[PDB]
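Take the given structure of chain C and dock chain B to it, following the hints.
Protein chains: 2
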Amino acid sequence: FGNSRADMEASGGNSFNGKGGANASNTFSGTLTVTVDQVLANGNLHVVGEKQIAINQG
Amino acid sequence: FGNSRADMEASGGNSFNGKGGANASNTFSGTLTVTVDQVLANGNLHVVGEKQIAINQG
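In the order they appear, the protein sequences are chains C and B.
What the first sequence shows, in the deposited numbering, is residues 117 to 174, in sequence order.
What the second sequence shows, in the deposited numbering, is residues 117 to 174, in sequence order.
Certain hints may be false.
[As the list claims (entries may be wrong)] With the C-beta cut set under 10 Å, the calculated list includes, among others, these residues of chain B facing chain C:
| id | residue |
| --- | --- |
| 1 | 130 |
| 2 | 139 |
| 3 | 144 |
[Unchecked claim] Computed Cβ-Cβ distance ranges for the label pairs, DEER-style:
| id | chain 1 | residue 1 | chain 2 | residue 2 | range |
| --- | --- | --- | --- | --- | --- |
| 4 | B | 131 | C | 173 | 38 to 44 Å |
| 5 | B | 164 | C | 159 | 30 to 36 Å |
| 6 | C | 145 | B | 147 | 20 to 26 Å |
| 7 | C | 157 | B | 153 | 34 to 40 Å |
| 8 | B | 125 | C | 142 | 46 to 52 Å |
| 9 | C | 128 | B | 132 | 27 to 33 Å |
| 10 | C | 123 | B | 124 | 18 to 24 Å |
| 11 | B | 123 | C | 118 | 23 to 29 Å |
| 12 | B | 155 | C | 149 | 17 to 23 Å |
Hints in this document: simulated from the structure, not taken from any laboratory.
Ideal placement from N, C-alpha and C gives every residue a C-beta, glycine not left out.
Next up, chain C with everything else stripped away, as it sits in the complex:
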């Protein structure tokens, strides 16, 4: 063990970090009167409707 022939010193490290995410949303509020355009074979009603507004520019 003379002349520092056995001394030793070492270090080491390692790291990792990952992450992620996502989201989505939507809302809707109002009232609209539609019209029946077809009566299906089991009594259900197919309905369609449209409302058009024009306030001063568009």
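Only chain B this time, still in chain C's reference frame:
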């Protein structure tokens, strides 16, 4: 492992961020008297109406 022939050091990164949205709205308030211009085959009434105002310039 002499002469730093095995030392090592590395880094790395990565990032991403996206987003978006939209919205719409409309209101309307008032009173207007319209006139029946047709009676449909099931009793419904087709109505039309117009009101014209002219306050001092337009």
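With a cut-off of 10 Å, does the beta carbon of residue 130(B) approach a beta carbon of chain C closely enough for the hint to hold?
holds, 9 Å
CB of residue 123(B) to CB of residue 118(C), is that within 23 to 29 Å?
holds, 27 Å
Could one say that the CB atoms of residue 131(B) and residue 173(C) fall in the range 38 to 44 Å?
Once the Cβ atoms are compared, 42 Å apart, the range 38 to 44 Å for residue 173(C) and residue 131(B) holds.
Closer than 10 Å between Cβ atoms is the bar; does residue 144(B) clear it against chain C? Give me holds or violated.
holds, 7 Å
Quick one: are residue 145(C) and residue 147(B) within 20 to 26 Å, going by C-beta?
holds, 23 Å
Beta-carbon spacing of residue 155(B) to residue 149(C) - inside the hinted bounds 17 to 23 Å or not
The hinted range 17 to 23 Å holds for residue 155(B) and residue 149(C), with Cβ atoms some 18 Å apart.
Given hint residue 139(B) near chain C, where the shortest CB pair must fall under 10 Å:
It holds, given that the least Cβ distance between residue 139(B) and chain C is near 9 Å, below 10 Å.
30 to 36 Å as the expected CB spacing between residue 159(C) and residue 164(B), which holds or is violated
Holds: the Cβ-Cβ distance is about 34 Å, inside 30 to 36 Å.
Indicate whether the distance between the beta carbons of residue 125(B) and residue 142(C) respects the range 46 to 52 Å.
holds, 48 Å
Is 27 to 33 Å right for how far apart the beta carbons of residue 128(C) and residue 132(B) are?
The hinted range 27 to 33 Å holds for residue 128(C) and residue 132(B), with Cβ atoms some 31 Å apart.
Range hint 18 to 24 Å: satisfied by the CB atoms of residue 123(C) and residue 124(B)?
For residue 124(B) against residue 123(C), whose Cβ atoms are near 22 Å apart, the range 18 to 24 Å holds.
Check the following: the C-beta atoms of residue 157(C) and residue 153(B) are separated by a distance inside 34 to 40 Å.
Since the Cβ atoms of residue 157(C) and residue 153(B) sit about 36 Å apart, the hinted range of 34 to 40 Å holds.
Violated hints for the displayed structure: none, as all numbered hints are satisfied.
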